[PDB]
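*Asks:* Listed below are the residues making up each chain.
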Amino acid sequence: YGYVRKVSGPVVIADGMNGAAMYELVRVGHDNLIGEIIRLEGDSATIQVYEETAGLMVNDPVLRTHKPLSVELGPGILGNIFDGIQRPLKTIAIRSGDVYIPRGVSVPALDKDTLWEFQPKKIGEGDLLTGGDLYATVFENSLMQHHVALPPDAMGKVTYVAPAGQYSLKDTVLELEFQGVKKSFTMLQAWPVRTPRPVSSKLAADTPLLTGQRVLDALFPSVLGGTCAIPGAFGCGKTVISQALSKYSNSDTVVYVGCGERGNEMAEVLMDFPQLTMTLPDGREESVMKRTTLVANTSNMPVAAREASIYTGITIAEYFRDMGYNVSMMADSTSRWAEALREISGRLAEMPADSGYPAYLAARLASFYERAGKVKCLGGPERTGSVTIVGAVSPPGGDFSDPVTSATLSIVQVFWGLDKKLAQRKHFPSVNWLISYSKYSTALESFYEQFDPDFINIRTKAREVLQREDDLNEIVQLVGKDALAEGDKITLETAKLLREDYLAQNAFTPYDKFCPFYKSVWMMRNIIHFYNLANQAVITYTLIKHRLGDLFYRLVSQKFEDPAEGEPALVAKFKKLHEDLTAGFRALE
Amino acid sequence: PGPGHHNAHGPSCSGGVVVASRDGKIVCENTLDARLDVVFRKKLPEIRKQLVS
Amino acid sequence: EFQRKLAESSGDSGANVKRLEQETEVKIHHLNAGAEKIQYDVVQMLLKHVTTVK
Amino acid sequence: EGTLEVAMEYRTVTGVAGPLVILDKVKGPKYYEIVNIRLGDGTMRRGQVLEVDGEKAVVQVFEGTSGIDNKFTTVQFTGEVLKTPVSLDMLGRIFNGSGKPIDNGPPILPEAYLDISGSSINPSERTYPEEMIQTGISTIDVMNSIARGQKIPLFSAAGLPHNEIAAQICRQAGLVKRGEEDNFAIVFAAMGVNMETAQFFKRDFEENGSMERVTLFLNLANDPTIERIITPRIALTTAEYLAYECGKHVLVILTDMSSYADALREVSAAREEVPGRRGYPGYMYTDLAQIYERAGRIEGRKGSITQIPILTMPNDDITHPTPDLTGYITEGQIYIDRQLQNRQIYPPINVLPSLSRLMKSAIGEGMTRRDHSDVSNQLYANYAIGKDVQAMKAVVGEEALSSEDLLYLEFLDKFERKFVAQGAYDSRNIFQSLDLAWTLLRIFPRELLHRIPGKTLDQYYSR
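Residue numbers (the authors' numbering), protein chains in the order written: chain A, 21 to 558, 569 to 619; chain I, 174 to 226; chain J, 56 to 109; chain F, 12 to 189, 200 to 484.
Take the hints with a grain of salt, since some may be wrong.
[What the hints assert, rightly or not] Cut-off 35 Å, straight-line C-alpha distance, at most; resulting in silico cross-link-like pairs (DSBU-like, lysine-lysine): (1) F:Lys414 with I:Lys222; (2) F:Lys111 with F:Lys41; (3) A:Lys441 with F:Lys414.
[Unchecked claim] Cβ-to-Cβ under 7 Å is the rule here; a few derived chain A residues that face chain F: (4) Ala41; (5) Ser64; (6) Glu390; (7) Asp592.
Because the hints were derived from the structure by calculation, they are not lab data. Beta carbons: idealized from backbone N, C-alpha and C, even for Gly.
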C-alpha cells in the first residue's frame, strides 16, 4: 500500500504513507527498488532510492518495511561476500547465473534453508534468561565455533529450549515468555546499522594487537580495541598489512570493509583473500575465509550503499564481539566513504562546509570511530571481546590537511604512516619511523613491563636512537662522517643497523614472514644492549668496527633466523649471541 | 462520547478527565495523577527548603 | 623506618573511616530528624497539595 | 496563586525534515518552549521549538529525528524555557550533557530552578578582577598571569598535552593564600571528549581527592550534537549559582571549545542560516559571547567566576574563525606550541603570542614584586629579538651573530631551556622563578636593555 507521486531522479515522493517513520527503508515499485525515507512532509513521504530510478511509473506500488537500514545477523555471516546494503553477492550470482547484479534483487542476506549443527547450553526449560545470555553455540564450520546469543531487548523466563540437532534459521529454536505473553526467537537477529550494539561497560584496552610485523609490534604498538590509521594510497602496504592482520593477528575474526575503490582493485583483493591461508598454532592448516567476512562496495554500487558499507561492517564486528571474540575491522578507503557522503550531501543540497564536505563529516567520523574498544559483554556468562578499527586514509597528494585526514588524525590514537619514499627505496615494511606514533603506549606499558620490565626502557632508547639518526643525518650532510666522534659514529652505525636489520622486515622470505614478539624483543635487546656496551667504552671507532665484525654479523643474523626453531630455541640463541657480543665489547675494552 | 467504549483505568488513574478535540489530535490529559506530578515538580524547591531547618 | 612510619597509617585510615561512618550515621539521624522533619512537614506539604481549584 | 495547568499533548506533527520537526494547529505556542517528544515506540526525547509562526511550530529535536512517525508521535508543550535544577548539593558529582546524574546517584533535589542563558550583569554593577590565582604552573603565573575573575583560554593544537595541563591545573588549583569553604570550586565542562579522555578525567579527578569541590559536566562524542550546545550553558549556569548565589569562587573549565564550534556549525547548517567565515554561523560571535562573557566579579557579592577555556586550532592556524573570535572576546591568550613539544618540553607554553590583557591589574604591590611588569616585558620582548637572530643565523650563517646578536641567541636558548621547562608536579613559586627570569634578562648587558629602566630591577637584589 502506497503509490509514488513524483519521481525526480533519485528523489521520490510517495503518497498514502501517514504511518511511515523517518529513516525507515522502503520497497519502491514492482522492481522492488530499495530506498530510505528522508522527509515525511504532510501525509506524504519522501524517499531517495539507491539504485537507478529510471523507468518508474506513477502510481506504482510502494511497500513499507517497518525497519531502518538493518543487517540480518546470525550463522553463515562468516566467509561469504556482501554488498554495501547487505546483499550476498555469491548467492545472488549463483541464483541468477549471469554476472550482472539484477536491478531489484530480493535474495535474503543469509540462506535460510541451509542446515547448521545446533546444540543448546545446560539451561533448563523453565529457567530465567535475559538479553545477551549465551544459550547455545553452533559449529558454523571447523575451528570457528559460533555462539548464539539471545538478542538484546529480549528477556524472560525460559519456556522452550530446542534440543541438540540439525536445524535451519527458519526453525523456532527458542521460545520464552516475560509476561503472560510469550515470544519465540529464531537464530536470526536484525539490528540497525546506525544504532550501536548494547554494551555493559567500556573497558580499558590492555592487550597489544600483535600484527606479526616487528615495526608495528615494537616501534609503534597498537592495542586490541584501538583505532588505527594508515595513509595508504600506493606501495601495496595496505594490502600487506591487511594480509598480515588476516593471517597472523591475534584477532579471532576479521571483517574487511571496502567502499568506493577501484573495481579491479577490489577484484584483486577479493581473489587474494581465498588464496591466503594461515597455519594453526596446533599445526593445522586452515583458510582465512573460515574466519573472514568481506563487505565490498565498488564505485559502480549506489552511493548510499557505499556510505552504509562502513556502518554495516562495524555492526557486523560488534555482533561478533557480542560473544567475546576479538575482531578487527579494516576500512579500505575512508576517503572514498567521505566522497560518497559529500555526493549524498550535494544531492540533499546541505550547506557546504570546509572544502565542500558537509559540516557533520567530522562528527559522523568520530561517531563511527568511537565504537572501537575492549568492552565487557552483555549478559552471562562473563566474557569480554574487543573491536579494533584499522581504517586507512588517502590524503590528496599526501598533504595531511584535508578535513577527512585532519579529523582522522584528531580521533585515531595510533597512526602508522606508510611512506612512499621507503617504498621507492625498496622497504618491505614501508613504515616511516619519523612520523608514526602510538599514543596507547602509556596504557600498554603495564603489559610491556609485565612481559619484560627492560623492554620499555629498550623502546625508549630505540626512540632516542631514531631521533638522533636524523641529527647524524644532517651532520653527515653538512660536514660529513669525518667530524663524527667515536661515540657519534657508534650511534650512527647502530641506528643504521637497526634500520636495515630489525626496523625493516623481509615479508616474502619464509624466515621473516612472521615476526613473533619474543623474537622482536630479543632482537631489540641484542641491538640496544650492544649499542650501549659499545657506547660507554669511548675506544677508537675504527678499532671496534674492525673487531666487532663477528658481533655485527651476529646482530644482523639476529633477524635472519626462521621461527621454525620456536621461541625456546631462538630465545636461547639470541641470548647466547647477546652474551658473546657483551663479552667481546667488554674484554677488548 | 464518554467512557461508553473505553475508560481510564481505575487504580492507574485515580480520577479526573481527559478532553481531546475530534480525531484525538489535541489532548489535554487533565487527570489527578498528572496534576499531582506537575504540582510536585513545581513545588519541589519549597519542599527542600522546608525539609532543611 | 618507612614501615614504622606507615604502621600508624594502618590505624589512622581505619579511624578516619570509622569517624566518617559515624558522621554519616549522624547525618542520617538528622535525616531521621529529617524523618522527624518528615513527621512535622508531611502533613504540611500534603495540605500544600490542595491545588484542585478552578 | 494562579492555578496550574497540565501541558497539552499534541499529535498534529505534520512534517519532519533534517533535525527539524514541524507541527500544525498548535494552540498558543511559546518561543523556545521545551517540548519532549514521545515516539510511537514509546521512547522519549527532548527538543526546542526554534521558529514559531502563526499556529505552526518548527521544533528541533535533540536525540535525532530518526523514528518519528507523522501519525503516531506525540509532542508535549511544557510552556517553559529550558531550566537546570541547580543546587548546592550538586557539588562533587558527574552529570551527562543535559544533566542526567551518571554517578549511580540520586537525582538533584533542586534548591531553585534556574533558567539557562541567564541575563547579563548590568555593567554599572560589574567590577574588575583584582587578585592573582595559584594554579600550580610556573610559566602561566609568572608571565601573562590569571586574575580571580579573568577569562583566558588555552590555545593548543590537536595531539598536544593540553588535556594533561588542564587536569594538572584543576587538581592543583588554589588561591594565592597570601577559606576552604569559599575555596575554588571547579566546574569542569567537557564538550565532545573521547571516551578514553573521559575515563582519564574521571580517574584523575577522583585521585587528587578534590572530588568534594569539583563538578563534571561530561558530554562524549557519542552524545547528540545538539546536546553539546547546552552543556556549556548548564555548566555556566551551575557556576553562576555556586559563585554569585552561594559565594565560593568558581574556576570554570571547558575542554575542546572547537568541538562546541563544530556543534554550532552543524546546527546552523541544519537550519540553513547565513554563514560567516569558513561556513560557520554568522552569529558565532554572539554565541561565544554568551558562553565566555560571564566571567567577572559582581559588586554586591563576594563571588567570582574565573574562565579557563581550552580551544584547539583545527589546522594549527591562529586565523581560524573559532580562535580568532575567541581572541576577540576572551581578553587574552595562553599559547601552547607544537614546536616546543618537538623539543620534548612537558608544558609546551610559548610565551611570544601569550598575553593577559588583565595582567596590568593583577600585578602590583599587594602581591608579587615591584619589578614584575618590567621583567615580564623584557622576557616578552627580547624573545622576539632572539627569534630574529635565530632566523638571521639560519639565512646567513653562524658568523652573522655579532657580539650583540649572539647574546640574544644565548638568551633565547637559556629561556627555552630553564625558564619555560617545569616539573609535571612542580609548584614553582613566583619569586624563585622571578630570580631566574632576572638572570635570563641579565644574560644581556645591564645597559643595552632599552625598555626597562635599570632602577626597577635594581630595587630587587640577587641573593
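*Asks:* Now tell me if each hint is right for this structure.
*Replies:* Hints versus structure:
{"no.": "1", "hint": "F:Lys414 with I:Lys222", "result": "violated, 71 Å"}
{"no.": "2", "hint": "F:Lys111 with F:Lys41", "result": "holds, 25 Å"}
{"no.": "3", "hint": "A:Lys441 with F:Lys414", "result": "holds, 31 Å"}
{"no.": "4", "hint": "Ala41", "result": "holds, 4 Å"}
{"no.": "5", "hint": "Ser64", "result": "violated, 9 Å"}
{"no.": "6", "hint": "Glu390", "result": "holds, 5 Å"}
{"no.": "7", "hint": "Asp592", "result": "violated, 39 Å"}
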